[PDB]
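Okay, here we've got a single chain as structure tokens, the form solved without S-adenosyl-L-homocysteine, with questions on binding and movement later.
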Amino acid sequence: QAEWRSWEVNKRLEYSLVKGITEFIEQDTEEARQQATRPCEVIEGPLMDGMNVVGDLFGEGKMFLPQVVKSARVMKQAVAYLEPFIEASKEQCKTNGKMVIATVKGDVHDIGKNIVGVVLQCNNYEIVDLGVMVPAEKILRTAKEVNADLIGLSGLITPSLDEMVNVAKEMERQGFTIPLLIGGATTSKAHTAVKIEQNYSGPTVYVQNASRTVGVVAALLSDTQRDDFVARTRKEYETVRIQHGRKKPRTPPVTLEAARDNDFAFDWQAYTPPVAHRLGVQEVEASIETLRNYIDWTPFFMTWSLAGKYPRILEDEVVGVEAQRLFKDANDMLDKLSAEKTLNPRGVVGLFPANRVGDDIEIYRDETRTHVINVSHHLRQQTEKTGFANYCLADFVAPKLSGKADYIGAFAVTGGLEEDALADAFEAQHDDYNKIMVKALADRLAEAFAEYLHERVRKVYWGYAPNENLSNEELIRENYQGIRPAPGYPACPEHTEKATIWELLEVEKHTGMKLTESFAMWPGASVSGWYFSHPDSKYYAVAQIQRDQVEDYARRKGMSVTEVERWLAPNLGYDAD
């Protein structure tokens, strides 16, 4: 008594894949198995026909990524049922190719890699996901032992670019021949071609998103396009290299001393910085009930590869129905996590007396301002400026010689320490929809905590806007006085300053969050940065700084110039090697 239950098993398998239905997967697979001679006949035939249809529908724009992920779920359950029969048998299963994929050493975030992997498993590629913070040695060893046809590397932050070049170079040094696949939030085609590709004599390919990867992989594993595609990419990377190659209409640079002379022009003697209602460090927690109202749903839809802005995405004529069901799944997950207390957002916040000296911010033990407990270092824009200041974030804090009492805040927050454990539980159950869901929700929780806690700080701990009453949308549009710049962003690009935040707040002690050696944070779903209250403070890109700033910055930090050049590679107005 159900139309599709009445079709031949092979059409049932397809319908159940396409529709993401799991209830009859074992029995339909058990039936298909009997229908065939070798167990693997089931995967190679109806199961991949299913994924054949799924792929064409996605191609046509009749399914989107959340549904493709739900199909992958029915597929991995069929296979999980079959594995006993396949193993306890002769044959062992024809695939379209095998990839080893990893998040690079020092890097923690894996949502994007997760999605690239899932998508490739739906095209009958075997994927060996080595997880995160993966050492180059681990990656090359695994690809040998397993005989991978490709290696793919994901990275979120700037230091991961270095790790990727380091992986390329080790591949050359061991004489690897297979394609190296490059993607992730920090990666770009320009950086692949100029810095990575020349280090390896196998093909190096930047790939923008999961969807494009499928065609790249196929072009690379085909005996009639491989060569055509490789040539073409190389010819592309050569072009990219000669294009950027002569440093395209660059603004003129300035001496560090001329930059500092054109600092933010302000009248400190007429101003009275708002006085922090509270000073010191406090650990904090916020329930999922509190934090859900502060969620910015747009990057979440964006992560599930549904374009559009929330609430309107829900009405969109194309993705609206799927945006609604994605959102309903997300809210049901939040309701369980929140009722059962299995993901517990947490952070630490602090406010300190402080004052600018030069391009840094001095931070004091108490309001006598006579013992300096730490220093926040910053960079100054070093291009030539017409009218405007060559900004530096320190500029927004009362110079010490003004005699004005100023303050600085820091925070580190996480959507919850359980994130990895919850994710493994779903990985263990072959459930990629919920694995990517909880990780993407944990991230919505970290950011919601960062908005919420910033608001608590404007209104209460620092307390210079206790009557602010801003809707979620006005929060997203940043209609409030003050900023919460986060190390890594172009406005404070030096990632190692997170050490300062970790020092000032004792983050790891108070909340359990850790810094990797690239200064990524663990858990993946974490945000830390600073608080400034000045009303003219903004997120001005630091951009392109010179040797003279690198050297002076090297001195302030007790680092060698080369260590600094490495941490600031994307901001150097000169070629360091």
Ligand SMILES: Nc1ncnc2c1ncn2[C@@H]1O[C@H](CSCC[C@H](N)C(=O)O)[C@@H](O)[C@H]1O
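Shifts are known only where both forms have a C-alpha. Here, rigid core means the biggest group of C-alpha atoms that superpose within 1.5 Å across both forms. Numbering follows the first chain given and starts at 1. What changes on going to the form deposited with S-adenosyl-L-homocysteine bound:
- The residue among 94, 341, 247, 328 whose Cα moves by 2 angstroms or more between the two forms, once the core is superposed, is 247.
- Residues present in both forms were considered; between the two forms, the rigid-core fit shows Cα displacements of 2 Å or more across three or more consecutive positions at 90 to 92, 247 to 249.
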Second form
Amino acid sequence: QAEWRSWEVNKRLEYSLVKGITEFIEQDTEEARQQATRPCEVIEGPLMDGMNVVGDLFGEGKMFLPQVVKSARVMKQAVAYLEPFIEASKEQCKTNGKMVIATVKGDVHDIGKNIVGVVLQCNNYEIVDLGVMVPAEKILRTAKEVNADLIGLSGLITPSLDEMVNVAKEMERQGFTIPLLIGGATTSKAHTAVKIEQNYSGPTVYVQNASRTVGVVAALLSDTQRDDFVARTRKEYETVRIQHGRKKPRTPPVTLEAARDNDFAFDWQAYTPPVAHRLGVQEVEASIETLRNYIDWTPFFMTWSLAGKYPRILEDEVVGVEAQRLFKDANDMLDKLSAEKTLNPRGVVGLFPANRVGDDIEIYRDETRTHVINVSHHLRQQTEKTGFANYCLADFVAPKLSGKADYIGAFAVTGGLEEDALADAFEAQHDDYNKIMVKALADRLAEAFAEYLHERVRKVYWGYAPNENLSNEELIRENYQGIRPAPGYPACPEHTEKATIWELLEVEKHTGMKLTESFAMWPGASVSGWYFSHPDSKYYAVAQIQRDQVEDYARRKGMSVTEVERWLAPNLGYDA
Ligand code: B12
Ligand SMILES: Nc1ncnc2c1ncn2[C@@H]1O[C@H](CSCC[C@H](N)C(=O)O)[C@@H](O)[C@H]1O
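Condition change, the form solved without S-adenosyl-L-homocysteine to the form deposited with S-adenosyl-L-homocysteine bound:
Time for the whole complex; same chain goes first.
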């Protein structure tokens, strides 16, 4: 027996979808297609009734994202078996609308996209996923090729915002009318209103997450709301476009010269930077077993729309149960991935003699410090400050003109070069659950590798904190000496400098990890950055800089003032 196996066929479907039961979806939907006069009645019928149940169930707080994707696995697997019958008997089945989704050119991270997409499919909307590093050309060409009502763009890094504005300007040059939805971690409501919208006659809507998205595609794609929604979006996008537009960013900029005279104050003659126990470039690798203990699960829960900090989240009266099951699954997969060695985290680390020179860091070939093998550039905050200094990462390395011997470190790690293969496999068998799982887990593994390696550097490779012994909780709170800023973050926005790290460490040749034109890393599950030992070194944002630094930086980088303005776009204190 089973009780639910004694219910109506289209009732067992609703049950299997909601509960995510896969075992009987095959030999249960084939029976429902017989009752129906055509293949599209099962999809448009019981198959969607259940998803409609998942939808309100979800909206009430009795169901969460992790479970929802599990329902999709049953649906998408029901369609898969029922697609040979549909096409071989025509009819494209009624849908709520079509959409072309893709990760901007140059970018590579797509976890958030995969989520937005799956959720939309759970609302019958049809989604065509072009993947990542997709050229604006194929994007607009695909949307036309298969008549799409909406185009969705994703972007993780700053350089993506440029390619986005590009897509909008092209949609205008080509006459597109359909709405443009821009989302991602790099996308904000202010940028969409101040830099994206105005370049397109059609609607342009920014949407935080994958839940309020189905709500936008709903009103924006309807008839009784479509018009009112755009007008509201426009007005608002103006009260903000003119909000930021003028009423000038109160916080008077400063001469790059004055900033430099306010550089971090420190008596270097009295201080002696720890000497690295080791110098050189080392190919590193850690097992999943060693890295699990360094994993910070909080961001992992965020990724699945489960609010709460680990481990307290496991006891939450609302999502604790589901967080537990999601946690158990992740660990189940790690056990397999580790035992089979199907996913292998790897990286490279390096320490070099170094000294500051202006706002940059010279890196020497050896301890004689006679030959400079490379330069780390870095930018300086260009804002008036009282009580504080105009920070520049270089400031934390001993000045060349101090005679003090200092150093600088670099690293590049990835959760595994197999991330993509693995994702594709699940992608094949229409398993969105662990397709997302494996990538989210590869990401945790990468960040875990960065925490582990930073510890090894502090305790061994660099060796200034050999006796240091912190708990994972203690590591996450960064209650240790030194920092590891990563190109792209606030204190070092210029993404191009990742080239410096890749040159010093010869990353690609050593690990396989790659770099794109937009300077995104591959695999997606990968991290890279620097290492500073100074006990006074901390994170901060370079924020908005002026024309003077853009030019000085241009000279130093050997780039046009034009090229550097594109790369520091989000940090420019003036207009483009
Ligand atoms: C841990 C984390 C990571 C992860 C894993 C999870 C992830 N990305 O989703 C990993 C380890 C891969 C990572 C690394 C890097 N990161 Co990171 N990361 C973070 C952090 C702390 C959390 C983001 C998170 O977990 N997102 C949750 C996921 C599920 O959400 P999401 O991607 O944003 O997607 C949601 C929505 O935005 C939406 N959406 C997504 N796409 C679309 C598309 C459409 C069309 C629509 C309608 C909606 C929509 O739907 C999603 C589900 O709700 C943030 C800070 C922050 N809070 O934003 C930075 C942040 C994204 N990282 C940043 C940077 C700099 C980097 C690195 C280059 C760092 C380095 N190592 O040098 C690399 C990129 C690696 C590469 N391959 O190129 C930046 C800045 C962007 C910039 N200036 O380029 C951020 C904002 C940090 C900051 N404060 O400056 N990242
Ligand atoms: N202002 C800043 N400038 C440069 N890098 C920064 C920064 N703020 C954060 N970072 C980088 O991002 C890291 C924090 S995010 C990584 C740890 C987090 N618990 C997780 O698992 O996702 C910092 O350690 C540093 O590597």
